[PDB]
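Only one chain is given next, in structure tokens, and it is the form deposited without the ligand.
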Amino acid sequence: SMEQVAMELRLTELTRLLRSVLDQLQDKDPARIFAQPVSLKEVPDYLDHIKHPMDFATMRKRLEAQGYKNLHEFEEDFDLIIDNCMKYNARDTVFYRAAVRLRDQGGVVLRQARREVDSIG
């Protein structure tokens, strides 16, 4: 139908906007701490601690498959990155501190993304 096409074009444009958001968030992780999944070879008990692991490569795969239907879903995944890290790692670690900086710097990006998503529809 023409409606399904129109819906598909909306999703494609949302995907375009979320790709730009993702790139901007990932720039706030210059140490690449959050770039890839926590390795289960290196942290064999990780899944005993963290039930829903997340990282930027995993988000990117979902994004390029047009797997985010709205900004809320995308934000959920970004928040898992931060929140997983802040539980697994202690406050006095470079990992925890990286997550805090990512959260703080990403807030600004996500604030305007919400306005853009609502604005453009």
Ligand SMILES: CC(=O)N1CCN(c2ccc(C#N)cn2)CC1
Second form
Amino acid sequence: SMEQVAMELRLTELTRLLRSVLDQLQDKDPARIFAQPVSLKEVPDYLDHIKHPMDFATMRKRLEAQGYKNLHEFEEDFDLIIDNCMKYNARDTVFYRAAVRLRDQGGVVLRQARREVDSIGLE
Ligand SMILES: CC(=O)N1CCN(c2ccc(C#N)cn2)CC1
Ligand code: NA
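Please move on to the form deposited with the ligand bound, as the form deposited without the ligand is already shown.
What follows is the whole complex; the chain from before opens it.
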């Protein structure tokens, strides 16, 4: 149907916008602390602590499968990256501090993204 094609165009468009957001958020992690999943070879007990791991590479896979239906779903995953880190690592670590900085600097990008999604009407 034409409707299904229209839908897929918007989803494709949403994906295009979120790819830009994802690149902007990742730039706020210059140390690449959040670029890849936490290594279960290096941190063998990680899943005893964190039940829903997330990282930028995994977000990117889902993004390219057009697996984010709306901005809220994308934001949930971003929040998992930060929130997992701020629980696993103590306040006086480079890891916790990197998450705080990513949270604070990312809020700007995400505030804008929410306005653009609403405005251009991508869902
Ligand atoms: C982002 C995050 O929470 N991480 C947990 C702590 N972490 C570690 C810990 C121990 C070893 C070793 N060997 C390597 N990396 C980096 C990833
Ligand atoms: Na903690």
